[PDB]
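Trainee: One letter stands for each residue in the lines below.
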Amino acid sequence: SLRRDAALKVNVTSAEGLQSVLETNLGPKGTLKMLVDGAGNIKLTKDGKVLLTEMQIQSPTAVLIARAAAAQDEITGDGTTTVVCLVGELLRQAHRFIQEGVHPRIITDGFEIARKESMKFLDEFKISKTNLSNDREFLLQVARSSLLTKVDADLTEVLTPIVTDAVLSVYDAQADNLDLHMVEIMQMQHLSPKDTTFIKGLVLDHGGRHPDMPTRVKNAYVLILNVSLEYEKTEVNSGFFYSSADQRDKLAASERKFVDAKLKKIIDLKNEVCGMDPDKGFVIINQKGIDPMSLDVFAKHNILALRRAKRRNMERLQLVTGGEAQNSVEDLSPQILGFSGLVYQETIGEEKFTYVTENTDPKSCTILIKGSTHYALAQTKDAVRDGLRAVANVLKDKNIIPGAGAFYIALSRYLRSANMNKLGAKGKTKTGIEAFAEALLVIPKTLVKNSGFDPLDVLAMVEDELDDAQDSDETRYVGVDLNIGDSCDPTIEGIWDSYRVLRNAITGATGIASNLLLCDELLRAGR
Amino acid sequence: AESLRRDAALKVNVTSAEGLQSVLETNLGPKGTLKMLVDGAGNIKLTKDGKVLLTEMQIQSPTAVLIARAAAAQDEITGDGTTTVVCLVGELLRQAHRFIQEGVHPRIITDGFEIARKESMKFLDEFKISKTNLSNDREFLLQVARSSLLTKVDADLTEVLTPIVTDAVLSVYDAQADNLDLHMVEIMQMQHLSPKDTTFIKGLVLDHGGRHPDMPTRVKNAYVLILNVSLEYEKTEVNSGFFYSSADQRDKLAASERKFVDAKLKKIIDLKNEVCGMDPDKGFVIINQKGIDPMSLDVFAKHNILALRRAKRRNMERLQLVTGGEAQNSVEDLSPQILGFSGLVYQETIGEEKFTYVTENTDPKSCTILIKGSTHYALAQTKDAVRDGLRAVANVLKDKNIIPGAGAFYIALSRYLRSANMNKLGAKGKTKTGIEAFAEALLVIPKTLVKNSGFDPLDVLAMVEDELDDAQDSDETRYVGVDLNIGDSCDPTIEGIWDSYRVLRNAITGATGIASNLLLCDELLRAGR
Numbered sequence: 012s013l014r015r016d017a018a019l020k021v022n023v024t025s026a027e028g029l030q031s032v033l034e035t036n037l038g039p040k041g042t043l044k045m046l047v048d049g050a051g052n053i054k055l056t057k058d059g060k061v062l063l064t065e066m067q068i069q070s071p072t073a074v075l076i077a078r079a080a081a082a083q084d085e086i087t088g089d090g091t092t093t094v095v096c097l098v099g100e101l102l103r104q105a106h107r108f109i110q111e112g113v114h115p116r117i118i119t120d121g122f123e124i125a126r127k128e129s130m131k132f133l134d135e136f137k138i139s140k141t142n143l144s145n146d147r148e149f150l151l152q153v154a155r156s157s158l159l160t161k162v163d164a165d166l167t168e169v170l171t172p173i174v175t176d177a178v179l180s181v182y183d184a185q186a187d188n189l190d191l192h193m194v195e196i197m198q199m200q201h202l203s204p205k206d207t208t209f210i211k212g213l214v215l216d217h218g219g220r221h222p223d224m225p226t227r228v229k230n231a232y233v234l235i236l237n238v239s240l241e242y243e244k245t246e247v248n249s250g251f252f253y254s255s256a257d258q259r260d261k262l263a264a265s266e267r268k269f270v271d272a273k274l275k276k277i278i279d280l281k282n283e284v285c286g287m288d289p290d291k292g293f294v295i296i297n298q299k300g301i302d303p304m305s306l307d308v309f310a311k312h313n314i315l316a317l318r319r320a321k322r323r324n325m326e327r328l329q330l331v332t333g334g335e336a337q338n339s340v341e342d343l344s345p346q347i348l349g350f351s352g353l354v355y356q357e358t359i360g361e362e363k364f365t366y367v368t369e370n371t372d373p374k375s376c377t378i379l380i381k382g383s384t385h386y387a388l389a390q391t392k393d394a395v396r397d398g399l400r401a402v403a404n405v406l407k408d409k410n411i412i413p414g415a416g417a418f419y420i421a422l423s424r425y426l427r428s429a430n431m432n433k434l435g436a437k438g439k440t441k442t443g444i445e446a447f448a449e450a451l452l453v454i455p456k457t458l459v460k461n462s463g464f465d466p467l468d469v470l471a472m473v474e475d476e477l478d479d480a481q482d483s484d485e486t487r488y489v490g491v492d493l494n495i496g497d498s499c500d501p502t503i504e505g506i507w508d509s510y511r512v513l514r515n516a517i518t519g520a521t522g523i524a525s526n527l528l529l530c531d532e533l534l535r536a537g538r
Numbered sequence: 010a011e012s013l014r015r016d017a018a019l020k021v022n023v024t025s026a027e028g029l030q031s032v033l034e035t036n037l038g039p040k041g042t043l044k045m046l047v048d049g050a051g052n053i054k055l056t057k058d059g060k061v062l063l064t065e066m067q068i069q070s071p072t073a074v075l076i077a078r079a080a081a082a083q084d085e086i087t088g089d090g091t092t093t094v095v096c097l098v099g100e101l102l103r104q105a106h107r108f109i110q111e112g113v114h115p116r117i118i119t120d121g122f123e124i125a126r127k128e129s130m131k132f133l134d135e136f137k138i139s140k141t142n143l144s145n146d147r148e149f150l151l152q153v154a155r156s157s158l159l160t161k162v163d164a165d166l167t168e169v170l171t172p173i174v175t176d177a178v179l180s181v182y183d184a185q186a187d188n189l190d191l192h193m194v195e196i197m198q199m200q201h202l203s204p205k206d207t208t209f210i211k212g213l214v215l216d217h218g219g220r221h222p223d224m225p226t227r228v229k230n231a232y233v234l235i236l237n238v239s240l241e242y243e244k245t246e247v248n249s250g251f252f253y254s255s256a257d258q259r260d261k262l263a264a265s266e267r268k269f270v271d272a273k274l275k276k277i278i279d280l281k282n283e284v285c286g287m288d289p290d291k292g293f294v295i296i297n298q299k300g301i302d303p304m305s306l307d308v309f310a311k312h313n314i315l316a317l318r319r320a321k322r323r324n325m326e327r328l329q330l331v332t333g334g335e336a337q338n339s340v341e342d343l344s345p346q347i348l349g350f351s352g353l354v355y356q357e358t359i360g361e362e363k364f365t366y367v368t369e370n371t372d373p374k375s376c377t378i379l380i381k382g383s384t385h386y387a388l389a390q391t392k393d394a395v396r397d398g399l400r401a402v403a404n405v406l407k408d409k410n411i412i413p414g415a416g417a418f419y420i421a422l423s424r425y426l427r428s429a430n431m432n433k434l435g436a437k438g439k440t441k442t443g444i445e446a447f448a449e450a451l452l453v454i455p456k457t458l459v460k461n462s463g464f465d466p467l468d469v470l471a472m473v474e475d476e477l478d479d480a481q482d483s484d485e486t487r488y489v490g491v492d493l494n495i496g497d498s499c500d501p502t503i504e505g506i507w508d509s510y511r512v513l514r515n516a517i518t519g520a521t522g523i524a525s526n527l528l529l530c531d532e533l534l535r536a537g538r
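Sequence lines, in order, name chains Z and z. Heads up: the first sequence is residues 12 to 538, going by PDB author numbering. Heads up: the second sequence is residues 10 to 538, going by PDB author numbering.
Since the hints were made in silico from the structure, they are not lab data. Built from N, CA and C at the ideal position, the CB exists for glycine as well. There may be inaccurate statements among the hints.
[Claimed, not checked] A few chain Z residues facing chain z, derived, Cβ under 7 Å:
1) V113
2) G438
3) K439
4) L467
5) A471
6) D475
Bound-form chain Z, shown alone:
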């Protein structure tokens, strides 16, 4: 009286809706999506994972898709949208086989067999790149892969030297690793995004405000001042008793002698070492505040005074400059002074930034992203953080893979002809391998669809070119050119993808998409 429930037709269709959304924004020809919270928050981001965190989906099928990208950002850091396109399209290709009566286990097991065979073809297709530091010229084209995706390509040439020189400056040449936490990103509005420049040192928030402070100081010594220069009180509890206002200044000056005594010891250090020597300077950090009386004292000696510094930024100044933190003025020593180059302070009424740049061994970098609007700050920041992590796996892993659908078209061609020659799996496995082979061709068709060129013509020109290369007995890599619409050589164009990015993308999208077909029924319980 009861037979099964057929099930399905709910998870595949719900996953098809998420694919159509993320199909348009994939690649450098994609689109920039905008989300609205309703409280006044507006964010424009082309990344898939960043958008899924701000979107609530009731369908549990798309929930695991967002959770599948959690391991991609923490490891690969790039290609979150590409993984989603491989999960959705694989379900559409398998949908036709399910209606024919094919059991999903063979469909699931057929994907794992093709996944292990893809790893063998993955090691043959990859190219080993040397660890020499002369590859920076080659790293310029590699950095463009992440940049051209998130922007309109007008700011790519500006951000190309900034992202490239940020990692290589803090990285000595050895195996080691690279740490992107040492690169701080700050933002200031009321300026154009084309003014973005590279900062070698650290940018400080609160700048010195005074007309007589020197703007440019070359070869100045950095000194960390931990004592408070603000108003001080007597070490014992007392009070100010004055009959007239003239008597109050006498009692107030008694407590000011404690600060004035420390200021006389600081100014003596400047004239002691290279006081009258040209091209010399003395700069006081002074994390704590500054009283209004010391502004005129430091102005006569052309000393840069700063106050209200963040505790986190002070830890980097000790590494960049080298000067130790001096708690007491009586214990101040000439060896505490550090080293710095030309320091120029940009004058702006809203904010004033102090440049710590031009140091011998800074071991730090700063990427300053400035834009007038709100979306200009978030869009560029998404491209830099994705650009630093894309190059991160390039220097760590010696293997590099060409992009623009080079590996996707090649692997789909290899797995097609290899299944007929081997025939060691099973006769019913062909349905799982053919579905996986056709699911890899959606990425080159997705990139060209956003450009407007016919995806049918670009598919035929690449397949006809690969067949002519085998008869010529040589190795020639072919890729999809989005600008012209024909094929291209990915080695000459400069489109390259990291090995660790595509390794977890194919493996990750295979295991998550296979688990979706394994669901027999959706149960609602707990309420």
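Given the structure of chain Z, go ahead and fit chain z onto it with the hints provided.
Mentor: What follows is chain z alone, placed relative to chain Z:
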């Protein structure tokens, strides 16, 4: 003032085609299902013929209208494959509809079919097998006749109709160039006896026979003589009667009615004395299309002369060919050469109707297929199986080429067309996308036969491909086909499953143009009112 376009049709046309496809999908093959269709007539009829299904149902959907016209053209030419073509048109639209979302233009889809159709004719000429016109092929004709019979019945009736259908064509058709005529084979319908007891009739049978208790049951070697004169009393055009009040007036008034009767009757009984008087084991039979008077009933009983009355005019014209005797309008001009020749003549005894067997003739040059059944729907199904069997064998004698069935032609053609364009690469890069849809659409037939039987269509597909791979390495020729009973592959030459060449030749070309025209309509046009 916008250039945005719509589909609105192809998605509905394929959906309407998939609905009609599933109706005839389970109705195809010997293992298919038999569906009942009754529209307004209260008459139960069960048949698997695809053409009869569409004519008995009124479909408002415009998609099934063109499909209905495709079955009418295949019956008037090929006479078979009505359901197979419908299954090919519907499945081809499914593979073509998936490429529409990709952006494939329907003209290249139609152009890709013409390229694959011309290439299919090259493989069609190599795969076909020429059959000899020799009359020793009756053993091979038994295997071909069962292929058409097993489809429309439960397979229990096939063994009964196997000798009947095979001997029906060979008996009426002498072996020469000539031609064959299926209209010369009579068809009689009877609802009395069960269909398991049906038999073949070599001669001609008639409806109304003579009824007398003393008529002989069996008459061997009887002479057939056509008699056009009335042996029954006749009356004036105006109603009148002869009433006698005395015994003397009885013979006076009755003599006027028997004057024409006695003149012809006395001359007929003289023929029995001069001809066939002494000769034993012979008989004499009178046709007598008109009625019979009660006076001649006693005369025919003493001489054991079989009497007949109320004969069909169309049947008497064929009696001149079977028996050989010419129609005699006047007994005065009757000659001894007018008497024909017939074999054993015996009449079955049934209360409602009676039969007459002219069978066992030297040169009958005619046949009669007697259809028996208990119910009404059993007669309609059996009549459909006989008419489909005669037209299937009709193309066997006309066309010397024969093709094996059971998916042997479709699997080999779908595999050949896929590997032919990859090696040659002489068509186009974009066109081969639509060509693959035509190759995958030819594998639905072997998957449909195993679907009704409950077998895995993917399992039987991989088993055939494994056998074809071993056949490509060796230089010999070995054909592979799907076995529905066992579930594994089979040799179609040993099993005996064969399909006509003319039916399958117009099936590929016919289904190509019908399925292509459905893809050429972008927008449905509603006008005229």
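Trainee: Determine for every hint whether it applies to the structure shown.
Mentor: Checked hints:
The restraint placing Z:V113 at the interface with chain z holds, with a minimum CB-CB distance near 6 Å, inside the 7 Å limit. Hint on Z:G438 holds. Least Cβ distance to chain z is approximately 3 Å, under the 7 Å limit. Restraint check, Z:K439 versus chain z: the minimum CB separation of about 6 Å is within 7 Å; hint holds. Here the hint on Z:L467 is kept, as its CB sits about 5 Å from the closest CB of chain z, short of 7 Å.
This hint holds: Z:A471 has a C-beta 3 Å from the nearest C-beta of chain z, less than the 7 Å allowed. Evaluation of the Z:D475 hint against chain z yields a held restraint, the C-beta minimum of about 6 Å falling below 7 Å.
Going through the hint list in order, the structure satisfies each hint without exception.
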